[PDB]
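What follows is a single chain, given as structure tokens, in the form deposited without the ligand.
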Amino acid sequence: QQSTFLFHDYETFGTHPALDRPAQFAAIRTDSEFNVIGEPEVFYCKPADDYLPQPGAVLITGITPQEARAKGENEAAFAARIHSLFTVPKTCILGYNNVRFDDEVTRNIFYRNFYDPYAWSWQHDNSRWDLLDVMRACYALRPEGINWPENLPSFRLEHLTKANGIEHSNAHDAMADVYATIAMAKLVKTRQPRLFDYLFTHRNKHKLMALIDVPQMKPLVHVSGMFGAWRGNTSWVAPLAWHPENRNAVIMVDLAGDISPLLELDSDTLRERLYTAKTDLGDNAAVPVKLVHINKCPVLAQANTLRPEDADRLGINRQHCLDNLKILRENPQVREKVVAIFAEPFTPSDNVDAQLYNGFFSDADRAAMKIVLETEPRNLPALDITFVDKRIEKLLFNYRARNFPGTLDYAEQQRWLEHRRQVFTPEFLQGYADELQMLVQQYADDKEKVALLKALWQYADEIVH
């Protein structure tokens, strides 16, 4: 066995990994130096009878449900084959914006189809990585030897390829975006091996904790999209405390922001202000507090990694940062307040699709679920097992109804049909139809997009009648 990178991409029918369903999946395997191993993979997913796609999404990808209905297979066979690629030992699974999007989709596909939601990402020396954050880090820290497009720097993949001399034909097709991803990976590793190798070696959470010192509030440069392009997605942060409820989260202070509220205000108002919209503040200062999830490949380094001139380029004032840090180190009651902001319960939906983060499944249940996968769908009803987790019973019905409709008996068929009738209410279809209509006018002068809106209208019409 040898270490490889697996570049992957999804195209989905919507922006919500739990409720929306996937459409296309692509992947290429490569060695340490980015050379294709074997054949690229690209497949579709046959969307079930209880789902209509977001019009927005179909407009973006050009993939109609009929398209995926034809050349794709059920979500259970989709899941199974992505699973076998993802679980090849010593694989680093990566992509573009895959940590916040694609991996979430992956987790839910496994959850719905009885695979471990997470194992693919740690077991047999597996790991994940996000290339979007690397591009951003490169622009902030070591921009020399690459072109960065503007409008303010854009990190949309189609722009970064075009503005560097790489084929970018038919974007938002999965296979092409993987190729472009591979493209940016080679470039940066060539032009900036120092930063690239550093970033890769720091994808794992244990290396990152080596940088984080709560008691000293030792400052760090942090590149993250939430900081905004108007300052290169970069600032100097300090760790105040480990999040009281989430163990993979550290509470940072953005030293570039205004620390009046933290000194002045108390626990509750601050929480209110933090979740106050950027527009409803009036004159009030923003809370310069941000969570960093150490399992989500965040970009962190020692302060001096942002070099004097680079900080000059992005317009980050170092003196004002050092000013803030020194006041904070002398004002420990601030640790109290920021902890308190995050130390308050939550309610999930009664929809089992949206329940992955209810908690891990036990050993006993995995066994159970392992046996589910090993049973012929036609013998599932006869299977005599009991599950501890309330979720599993509910997932199993959905699995069966969505992937194996013919294995349902009469009463289960009647149950399913009631589900479908509860999804496709009159109020919902009107909302759906209203949206298509709106888009049809908004694109009256576009044959390509109206044909899609027509297609979506037809698919909706047949799937509910």
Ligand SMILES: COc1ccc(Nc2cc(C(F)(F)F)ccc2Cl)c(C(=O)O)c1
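Residue numbers count along the first chain shown, from 1. Rigid core: the largest C-alpha set superposing within 1.5 Å between the two forms. Compared with the form solved in complex with the ligand:
The one residue among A364, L211, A77, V88 whose Cα position changes by 2 Å or more between the two forms, with the core held fixed by superposition, is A364. Put the two forms on the same core and the Cα of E336 is off by 2 Å or more between the two forms. Here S127 does not count as shifted, since its C-alpha moves by less than 2 Å between the two forms after the core is aligned.
Annotation: Cα of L265 displaced by at least 2 Å between the two forms, core superposition.
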The other form holds:
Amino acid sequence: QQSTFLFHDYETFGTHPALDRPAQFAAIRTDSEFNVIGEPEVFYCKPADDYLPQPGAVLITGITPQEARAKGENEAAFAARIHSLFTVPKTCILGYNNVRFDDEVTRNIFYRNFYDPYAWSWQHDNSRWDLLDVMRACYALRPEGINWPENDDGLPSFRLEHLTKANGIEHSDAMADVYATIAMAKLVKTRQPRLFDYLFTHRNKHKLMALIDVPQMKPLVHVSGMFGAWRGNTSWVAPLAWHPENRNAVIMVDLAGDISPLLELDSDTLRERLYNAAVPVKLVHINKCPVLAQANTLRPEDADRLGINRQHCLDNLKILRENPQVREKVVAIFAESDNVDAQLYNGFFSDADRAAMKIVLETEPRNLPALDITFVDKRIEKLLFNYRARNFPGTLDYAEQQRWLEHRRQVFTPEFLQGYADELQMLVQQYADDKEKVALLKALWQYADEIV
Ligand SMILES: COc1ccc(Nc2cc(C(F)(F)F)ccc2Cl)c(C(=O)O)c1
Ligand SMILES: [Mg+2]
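Same protein, different condition: the form deposited without the ligand was shown, now please give the form solved in complex with the ligand.
Following is the full complex, with the preceding chain placed first.
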């Protein structure tokens, strides 16, 4: 079996990866050298009748709820198709902003439809990557040979459409974003070969672990969206401690920051603060392909370009090393909704509960009503009801139908429905000169009228 890349992208009906619903999934498989070896995989997800899309999302995607409903399969089948692609052995699953967005959509789709939300990304030698932080790393660390567009605010832009246009890459077609992401990968591989190889290799958590030296507070360069485009998303950081609960999270200090709150304030004040002096502390999640490298990877000329003050960072590093009591202080900081759709991270399920959920998954939907099985975790009863009612409404008995009707009633409150009508009317005035958007908004009104 050969190593492959699976490039993918979602179009969704809103910004919330848990509370909004997916509309469309697109993917294609390449070999290890980015040669396309698969057929385009494009399919839609039917939205259940307890949901209205965010109008803004539909204006961006151009996909109406009517179209996803008419072309889609139920979310159970949508999940099955995605799971089948993602679990082919030796697959690197990647996209553009997938770590923060698409992967969270995936986890939630799997969660709602009785798949393991996590196993897909690591089992059978699988992995994840994300070209967004690769582009950011290039801009900060090795900008030579790539054109770096500025947005309307005068800051470097990493929007996929800006980067393609700025570098002469054809960008238009449900597959447009996927092909654009492949082109980004080829771009960096060709123009910054050693950085590309370094970043690919260091997608693996164990390679990242080797860079981390807590006793020595060994400084690293870290490229992260959280740092801000104004400094090329980059700083020098040092590891203080590992997270008390989260096995994959290390606690970093931003050496370019103001460490005085860490020196002066107690752990209780600092916990309230990061939830007035800024607390220069962040978590780095080693399972989320963070960009980390030895400190000298950021060259002086580039530190100067990004406005990063080396002496300030060195002074802070010296102070922190002479005050190891700050380690316990940050550990103490991190020592620390009734909608089941929002409860993915309310904990892991027991081995027994997962085994039972696996039976739900592998049982014929028609045999679910009579399915004898036991759950402990309180989420599962509601997950199972929603699953059946949304995907297989023809299998509900009268009491279950009445339960679903009440559920819908509690979503479509008086405040929600008025707000929705108000937003559509506002948007049709705002975008009156845009004929495509006007037509989409009329479609949204018509869908809302039906789904009520
Ligand atoms: C013994 O502790 C140190 C101290 C400084 C180091 N390097 C370094 C440190 C910084 C810092 F300013 F961020 F601290 C910037 C750039 C570099 Cl190359 C390094 C290092 O690069 O390994 C180790
Ligand atoms: Mg996307």
